[PDB]
Amino acid sequence: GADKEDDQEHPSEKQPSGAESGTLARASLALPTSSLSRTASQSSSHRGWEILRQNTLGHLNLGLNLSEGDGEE
Amino acid sequence: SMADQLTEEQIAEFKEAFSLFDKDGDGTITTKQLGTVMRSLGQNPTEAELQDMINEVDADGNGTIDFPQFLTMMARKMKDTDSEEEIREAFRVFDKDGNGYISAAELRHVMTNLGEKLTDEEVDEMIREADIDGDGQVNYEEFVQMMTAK
Ligand SMILES: [Ca+2]
Ligand SMILES: [Ca+2]
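Residue numbers (PDB author numbering), protein chains in the order written: chain C, 653 to 725; chain A, -1 to 148.
It is worth saying that the hints were derived from the structure and are not from the lab.
Where is the CB? At the ideal position from N, CA and C, for every residue including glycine.
Hints are all accurate, no fakes.
Label-pair ranges, simulated between beta-carbon atoms:
id, chain 1, residue 1, chain 2, residue 2, range
1, C, 722, A, 82, 36 to 46 Å
2, C, 720, A, 50, 51 to 61 Å
3, A, 38, C, 699, 45 to 55 Å
4, A, 58, C, 690, 36 to 46 Å
5, A, 8, C, 722, 48 to 58 Å
6, A, 132, C, 691, 13 to 23 Å
7, C, 677, A, 75, 22 to 32 Å
All chains should be built: construct the whole structure from the sequences, respecting the hints.
Have a look at this one:
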């Protein structure tokens, strides 16, 4: 009559290895959810670093378009 | 010596002495431990000198020293430049934790105060655009370069 061989390898591993102190944690994170990567251009304007230095220098800046939009109290 | 350059080999040289007592290596020691670290830094200076070091770092009065405050003291001894201040303060406004690098969140704080909204895609790409060595983070000399050169 017909017959077939029988095997089924399925081990699991519990032997620990690779130990080191590994003691670290971090106090703060940002995790923005507004961040996404749809752009293909991936370009960015130098204005982003420029605005930082102009405002701390106290350099005079003026804008009009920032008025129209969502309001503030 | 190359201590003045604060190369990675040298930052490790004193970090080792700091971590000798900080077993977790978190980067935090108390001023009680700093006096012991001072023995590892040199040939047992007089108590006034030892005290002078713990006094300046413990300006806060909390008895505990965070690692970038330890670096602030050393960096000042090595740099010795008074005119650099036009640029240094600009970096410190957003670098509140003092880790010496710029993250996207740090730029978000500044641009929001203008009442303008940079896109998150622009802020994230600004870091790679500024960085010239592929590490994904920007340090002070890279920040100076942004305004002093194209
Ligand atoms: Ca920072
Ligand atoms: Ca870099």
